[PDB]
Structures are given as structure tokens and as C-alpha cells.
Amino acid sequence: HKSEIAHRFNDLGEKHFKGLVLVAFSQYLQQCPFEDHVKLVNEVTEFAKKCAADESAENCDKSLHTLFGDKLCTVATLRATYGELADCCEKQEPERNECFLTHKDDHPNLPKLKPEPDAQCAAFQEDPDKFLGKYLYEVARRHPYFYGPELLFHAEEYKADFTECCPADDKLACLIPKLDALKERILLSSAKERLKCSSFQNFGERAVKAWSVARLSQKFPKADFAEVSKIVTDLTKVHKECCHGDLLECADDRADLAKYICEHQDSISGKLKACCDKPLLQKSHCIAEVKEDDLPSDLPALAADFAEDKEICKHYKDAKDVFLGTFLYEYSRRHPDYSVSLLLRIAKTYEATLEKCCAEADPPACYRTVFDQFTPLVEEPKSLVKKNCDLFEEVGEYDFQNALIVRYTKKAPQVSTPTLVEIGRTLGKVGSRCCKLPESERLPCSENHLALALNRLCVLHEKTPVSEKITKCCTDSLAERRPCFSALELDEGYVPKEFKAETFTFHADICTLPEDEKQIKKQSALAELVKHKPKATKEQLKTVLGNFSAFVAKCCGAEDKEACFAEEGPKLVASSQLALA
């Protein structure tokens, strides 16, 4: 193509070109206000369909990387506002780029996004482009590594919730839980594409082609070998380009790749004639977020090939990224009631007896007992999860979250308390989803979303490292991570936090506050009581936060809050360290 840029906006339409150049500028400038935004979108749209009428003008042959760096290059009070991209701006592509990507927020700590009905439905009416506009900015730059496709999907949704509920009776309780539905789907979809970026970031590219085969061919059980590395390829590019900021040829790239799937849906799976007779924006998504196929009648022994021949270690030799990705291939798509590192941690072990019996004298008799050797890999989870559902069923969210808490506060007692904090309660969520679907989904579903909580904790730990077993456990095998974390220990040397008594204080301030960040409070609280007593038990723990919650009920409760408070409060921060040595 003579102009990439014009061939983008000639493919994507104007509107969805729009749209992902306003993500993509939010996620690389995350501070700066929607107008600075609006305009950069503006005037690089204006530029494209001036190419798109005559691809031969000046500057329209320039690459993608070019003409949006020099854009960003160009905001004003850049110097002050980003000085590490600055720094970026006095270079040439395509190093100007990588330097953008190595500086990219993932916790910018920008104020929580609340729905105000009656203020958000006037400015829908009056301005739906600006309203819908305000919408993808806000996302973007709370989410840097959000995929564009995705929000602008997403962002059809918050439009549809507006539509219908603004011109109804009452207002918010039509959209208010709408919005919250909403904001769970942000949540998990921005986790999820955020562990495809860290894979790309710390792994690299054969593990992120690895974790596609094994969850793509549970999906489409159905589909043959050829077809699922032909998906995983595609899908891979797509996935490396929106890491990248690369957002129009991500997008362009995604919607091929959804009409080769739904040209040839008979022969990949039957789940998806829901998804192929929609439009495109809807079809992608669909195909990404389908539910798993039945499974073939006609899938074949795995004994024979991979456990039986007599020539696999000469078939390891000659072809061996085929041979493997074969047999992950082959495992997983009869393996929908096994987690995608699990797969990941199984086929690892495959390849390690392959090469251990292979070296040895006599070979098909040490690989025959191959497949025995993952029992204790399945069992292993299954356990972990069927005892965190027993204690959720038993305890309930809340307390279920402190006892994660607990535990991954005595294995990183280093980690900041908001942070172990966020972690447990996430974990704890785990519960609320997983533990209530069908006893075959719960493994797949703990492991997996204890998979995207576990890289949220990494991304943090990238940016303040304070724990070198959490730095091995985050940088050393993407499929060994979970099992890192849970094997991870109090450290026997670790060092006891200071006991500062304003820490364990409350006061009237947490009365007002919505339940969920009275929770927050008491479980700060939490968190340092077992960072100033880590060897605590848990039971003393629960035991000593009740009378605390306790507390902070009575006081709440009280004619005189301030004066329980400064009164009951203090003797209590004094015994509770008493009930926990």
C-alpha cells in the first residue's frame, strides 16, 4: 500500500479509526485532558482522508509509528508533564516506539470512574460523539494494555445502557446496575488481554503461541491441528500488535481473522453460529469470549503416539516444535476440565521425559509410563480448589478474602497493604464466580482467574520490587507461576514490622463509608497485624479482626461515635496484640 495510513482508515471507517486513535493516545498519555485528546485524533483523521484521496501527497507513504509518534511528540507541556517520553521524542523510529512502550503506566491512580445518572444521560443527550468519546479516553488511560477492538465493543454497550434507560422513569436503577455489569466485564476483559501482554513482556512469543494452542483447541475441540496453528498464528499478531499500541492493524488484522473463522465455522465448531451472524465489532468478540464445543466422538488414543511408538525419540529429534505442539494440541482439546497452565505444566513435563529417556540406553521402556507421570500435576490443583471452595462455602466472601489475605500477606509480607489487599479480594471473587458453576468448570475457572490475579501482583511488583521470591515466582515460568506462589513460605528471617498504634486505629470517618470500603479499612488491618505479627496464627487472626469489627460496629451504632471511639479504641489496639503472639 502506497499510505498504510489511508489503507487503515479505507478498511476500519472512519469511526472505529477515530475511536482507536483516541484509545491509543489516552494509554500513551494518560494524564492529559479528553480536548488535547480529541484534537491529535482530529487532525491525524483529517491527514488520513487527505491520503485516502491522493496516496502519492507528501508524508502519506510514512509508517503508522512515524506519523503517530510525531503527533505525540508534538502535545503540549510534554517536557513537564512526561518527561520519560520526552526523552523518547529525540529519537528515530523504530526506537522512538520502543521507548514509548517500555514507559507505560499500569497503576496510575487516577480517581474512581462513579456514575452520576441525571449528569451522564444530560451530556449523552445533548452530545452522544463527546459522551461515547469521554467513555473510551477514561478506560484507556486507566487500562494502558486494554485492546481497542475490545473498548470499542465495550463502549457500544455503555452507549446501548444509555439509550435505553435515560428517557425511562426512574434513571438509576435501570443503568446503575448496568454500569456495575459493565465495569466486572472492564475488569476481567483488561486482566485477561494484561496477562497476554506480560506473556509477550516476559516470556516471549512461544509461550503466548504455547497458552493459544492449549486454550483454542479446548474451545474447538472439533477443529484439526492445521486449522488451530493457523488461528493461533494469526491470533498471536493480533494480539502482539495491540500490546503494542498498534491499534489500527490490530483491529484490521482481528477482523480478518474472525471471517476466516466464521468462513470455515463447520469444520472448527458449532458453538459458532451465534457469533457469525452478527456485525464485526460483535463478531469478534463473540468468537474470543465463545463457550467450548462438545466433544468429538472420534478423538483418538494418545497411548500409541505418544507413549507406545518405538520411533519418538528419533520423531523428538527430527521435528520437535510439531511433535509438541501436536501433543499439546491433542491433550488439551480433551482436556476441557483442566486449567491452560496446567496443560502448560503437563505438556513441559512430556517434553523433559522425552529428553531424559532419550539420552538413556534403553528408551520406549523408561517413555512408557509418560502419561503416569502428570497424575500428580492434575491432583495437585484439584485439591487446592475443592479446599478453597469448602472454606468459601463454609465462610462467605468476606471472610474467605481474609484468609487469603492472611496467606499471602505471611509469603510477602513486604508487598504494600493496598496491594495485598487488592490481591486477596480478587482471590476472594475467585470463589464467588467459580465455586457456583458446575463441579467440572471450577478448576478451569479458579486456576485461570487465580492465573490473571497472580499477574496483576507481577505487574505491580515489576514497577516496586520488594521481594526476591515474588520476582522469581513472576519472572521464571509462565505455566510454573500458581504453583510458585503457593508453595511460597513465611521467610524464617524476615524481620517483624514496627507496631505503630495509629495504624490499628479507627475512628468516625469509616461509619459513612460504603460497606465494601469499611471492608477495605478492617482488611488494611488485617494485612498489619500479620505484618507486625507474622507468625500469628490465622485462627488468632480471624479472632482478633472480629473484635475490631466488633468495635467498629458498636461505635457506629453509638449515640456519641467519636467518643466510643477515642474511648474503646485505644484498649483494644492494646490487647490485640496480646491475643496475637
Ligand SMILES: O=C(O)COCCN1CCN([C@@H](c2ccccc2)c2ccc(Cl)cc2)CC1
Second form
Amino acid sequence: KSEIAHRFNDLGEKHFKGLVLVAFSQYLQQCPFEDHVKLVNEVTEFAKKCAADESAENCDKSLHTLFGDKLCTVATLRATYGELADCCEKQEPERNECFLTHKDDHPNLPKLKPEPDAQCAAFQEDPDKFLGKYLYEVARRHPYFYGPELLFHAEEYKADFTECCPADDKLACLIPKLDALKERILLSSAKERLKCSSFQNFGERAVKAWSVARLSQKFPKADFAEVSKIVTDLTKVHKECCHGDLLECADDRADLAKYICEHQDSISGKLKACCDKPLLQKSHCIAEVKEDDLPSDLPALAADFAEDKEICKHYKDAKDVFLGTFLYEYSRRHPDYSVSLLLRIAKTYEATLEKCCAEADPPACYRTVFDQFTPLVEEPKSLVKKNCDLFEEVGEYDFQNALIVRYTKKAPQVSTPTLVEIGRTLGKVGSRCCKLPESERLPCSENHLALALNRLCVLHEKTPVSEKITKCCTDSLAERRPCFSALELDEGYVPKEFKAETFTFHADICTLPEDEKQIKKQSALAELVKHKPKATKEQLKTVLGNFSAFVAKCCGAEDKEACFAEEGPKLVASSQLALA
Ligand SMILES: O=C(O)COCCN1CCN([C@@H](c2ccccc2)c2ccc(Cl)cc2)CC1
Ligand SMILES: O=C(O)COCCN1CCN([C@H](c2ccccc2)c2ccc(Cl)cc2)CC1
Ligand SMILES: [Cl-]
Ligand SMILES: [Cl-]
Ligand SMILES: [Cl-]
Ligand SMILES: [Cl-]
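Could you output the structure for the form solved in complex with the named molecule, given that the previous block was the form solved without the named molecule?
Everything in the complex follows now, all chains and molecules, and the chain you saw is the first one.
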């Protein structure tokens, strides 16, 4: 009868209110926290009224009708969100579709800076307001953040403050926990954004494929029917959360967690620990669960997929099913491959069949299909071993620098902050992945690279600057990483004309945190590449070394500014000659 009552009843007031605040914060990213609280309280009041009597007027309205109506009441909607006011002239589902089209992925809001004393003060003063504000701040900064996961992270955030405010030293307890929390927020936001991107740009089939591969790796003991069930249910969960239907997404996600845990013996031995936890914890634990051991009875795949005489008939009859089973089977056997590698392998299997089945003697043609995968496997494996070597040789900062040079050459039209961000993000991937046991390096590296490349692609939709990026971001998802890897110096670029102030430093650099100091230097690096795009990476590193020496020296000087002013122009002029 009443959907709003149904969800209120299923989720309870706490989670209902939390998720509604998330939904609204994500749709309306600029309003103050206090204004969103009021919309949430009103919506909740109405849900309670409807729960008491579902036949009361408007109670039987859809959630989109009710929530879209609520959003469209907000003060200063024309002035703050000119685009969203336009959406408010439409009915559902056109209105919601309009709301979705107009979410902002890079709202450029100030960085969230921990103030241990004033925050612990606010936490004690009003814990509920303090935690809601956390939901709001993160939600408006990550408009596709997986709703229920944000409630999970809010409870961690709560645990951090409960542990660390009563202690003697606040900042020493807190700042490591909050820095770790922030990193987990970023990773999580990137994973989910890839999911929503994949729905948006490649459709539901791509999400399902991705998911078949990854879930088969994690749960290799499960049969194709179980994996398919879970994939079907999890795809629906992510489709709902990506479309802003957070209440339905949360309810369906809880049902999925329940199902997995009731069938854990047939799904995976690694689920036991997850399944003895509370709800949000349980879902999160399942989501991050480690891959199960390979079962000793995994089937030989040649008979069914290369040697059977009727593969063309079975392929022709039920393409999406035959290929799905292939993907399930190959993936469960290959936790050592990345998901995109498995998707490339599946596409090569398909293409081999389309070719062989239109020739005279298909069996003799498709008998070698598995051997077609060999080159697909070896390229990424070599690329990872190669980059983990550079990483172990030079350490994180220089690895970052090398990637900055590499990506700036590929796409020098991209903004310097974005180029630095991606280079820095991919350098951190080396830190994480290269330290792992070697068989895990490939999936770790390539799965994380996908997240960073997707971030680049998302930015590029909003701020297009390069046709080569556009092609890599919009041709097949499986080929995205190879496409980016195959880009070379955009020769079409006209070297950015020299501006000396771009390479001019001052003494304020000396007061910066180390990371911020590095970002300054890395920004200069990217700018050096834009002005001298044919310079070798070794020329660029030599010049960057001189910039570092100069900053370290002038920051150690008695008269820092006099140092920077006398030495800066020399360095700048010298560096042009060094980059020829
Ligand atoms: O749709 C087209 O553009 C032309 O038709 C190609 C149809 N194939 C079907 C198989 N499909 C892959 C595929 C999709 C997305 C990324 C890689 C492979 C797939 C494998 C297993 C599963 Cl369960 C679902 C889909 C790729 C496209
Ligand atoms: O007043 C009482 O008797 C004690 O009840 C407090 C109930 N609160 C309501 C606000 N809830 C906030 C909240 C604050 C502001 C807006 C929406 C929800 C919330 C914070 C974190 C998560 Cl994970 C979920 C909910 C928490 C529970
Ligand atoms: Cl996001
Ligand atoms: Cl689709
Ligand atoms: Cl994972
Ligand atoms: Cl160095």
C-alpha cells in the first residue's frame, strides 16, 4: 500500500533517517546541514503517519514522487541549483531522470580537516547531530557513495570519537584513525562510482559480467546457479543505489546478506566470520571477503569449451548463457587474474567462436581457443612486474613522478591538478599492490587502476579536453586500461607557452605539510611536461631534482624570501635549457 511505510518499517527510524539524509545530501550538495535535517524530519514524520494508516492521502505515492516533491520545496533552488529547478517542472519518472543527469562529481568543496578538540566537543555536546553531519559532509562530496556503506563508516567514525576523546592525547589517538577512515572512504567511493559508471555508460550487462567474474573468483566453491542468483540480486542493489533509491537499495542489500549467510556452507568457508556480525558489519564484511580456497574438484574446461563438437550450436542457441558459464568457470579458477583481464578473455573466447563457427570446419578452428588467451595474460603480467620493479627501485614519490610524466604526455590538455591526482593515486597503487605476494599483484594493480581510470573518465565527461581520453573512456570497458596504456605523447599538442610565475616558488612552501609540499613540486613537474612535452622523463627528473634542492636550501635559509627571489629565476632559465 504505502512504500514509505514499508521502508520505514523494514529499516527502522535510525537507518531510514540516515539514508534519507544521504539521498538528499547527494542530490543537493550545496545546502547547509541544518536545512537537510528539516527535510529529513518532515519526510520521517510523514512516514510515521503513513505507518499508522497506509490508506491516508498521499501515503500510497511513490518514493520518487514524495522525495522529489520534498527536494523541489527547498529555498533558493533557482539561485543555488539553476539546473535542478528545471527538473522540478517535470513529473516522475522524468524528474528523477533529470535529477540523476545533474549530480556533480567534483563540487570542489573545502577539504575535511580534523579539529580534535572542537569535534570531540561537538560529539559530547550532541552525538546525533555530530554523526548526521558526518553523513552529510561525505555524502555531498561523493554523490554516488553506496548509501548503506556510508552508515557503516559513520559507526566507525563514532567508535573513533568514543575511544579517543576521553584519552589524554586526542590528536595522537584520532588523527591516525581518521586518516585511515578517509582513505577507506576514498577507495569505497571509487569502487561504487565504477559500478554506477558502468550502468550509465555500458549498461546492466557490463555490470553483470564484471560481477560474475569477481564473485566467481571470491566464491569458487559456489555453483553457477548460486553465483547467478547473487549476481542478479547484487546488480539490482547497485542499480537502485546508483539511481538514488537508497531505501530500496538498503532493504535489498540486507536481504542479500541474509541469503548469503543462510547459504554460506555452499557459497564459501570464508563467510563464517562475516555471518556472526551485526547487519551493517555483515554486509560490509561479505563485500570485502577474501577469496575462498580453490576446490579440489574444479572441472577440466577443454571438453566443454574447446573439444565438444556442438559448441557452435550451443553458442548459437543461448549465447549469453554459454558465455556466462564460460566466464564463471574461467574466473573461479583464476583469482590470480584481474577482472578486466577475465572480461577480455571472455570477449576473446566469444570472438574466436563467432569466427570459427562461420568457417567450414569449426571444430579444428576452435580447438585452440584457450591458447588465444596466452598473449592477453602476459601483457598485463609484464606491465605489473615492470612497474613494481621501478617502484621498488625508486620509492613512492618518484614512481608518482614517473606516472605524472607518463599521463601528462598522454593527455597534456588535462588540468594540472587532475594529472597530479591520478599520478599520485597510481603511485599509491604501487605501494599497496607491489608489497603483496606476487600472485596477488596483477589483480590488485589492475583492479585499482580501473578505479583511478574511471575517476579520470568521470571528470572528463564534465570537462572534456582530449579526444583520445574520450575514446578510451567510451569504447569497451574491458579495453579501457590497454587503451590508456597504448596512448603516447599527443603530438597534436602545442607546447604550453612559457609562464615563469608557474615555476616561481616562495617561502610559504616551507610551512606546508610534506604531502602538500610534494604536490607543489609535482604540479611544477606536470607544467614542465606541458611546456616541454618531448623532454625525456630522465631530463624531467634531473630538473625536478634541482627544484627540490633549491626549495630545501631556500627553506633552510636565514632570509628565505631573499633566497627564493635571487635563486628562482636562475633555476627557471637553467631548466628550459636542460629540457631541450
Ligand atoms: O552487444 C554488442 O555490442 C554486440 O554483441 C556482443 C554480445 N556480447 C555478449 C557477451 N558480452 C560479455 C561481456 C560483457 C561486458 C564486458 C565483457 C564481456 C558477457 C560475458 C558473460 C556474461 Cl554473464 C555477460 C556478458 C559481450 C558482448
Ligand atoms: O532522543 C532520543 O531519545 C535518542 O534518540 C536518538 C535517535 N537518533 C536520531 C538521529 N540519528 C542520526 C541522524 C542525524 C541527523 C539526520 C538523520 C539521522 C544518524 C546518525 C548516524 C547513522 Cl549511521 C544513522 C542515523 C541517530 C539516532
Ligand atoms: Cl561518488
Ligand atoms: Cl544493458
Ligand atoms: Cl574486493
Ligand atoms: Cl628524490
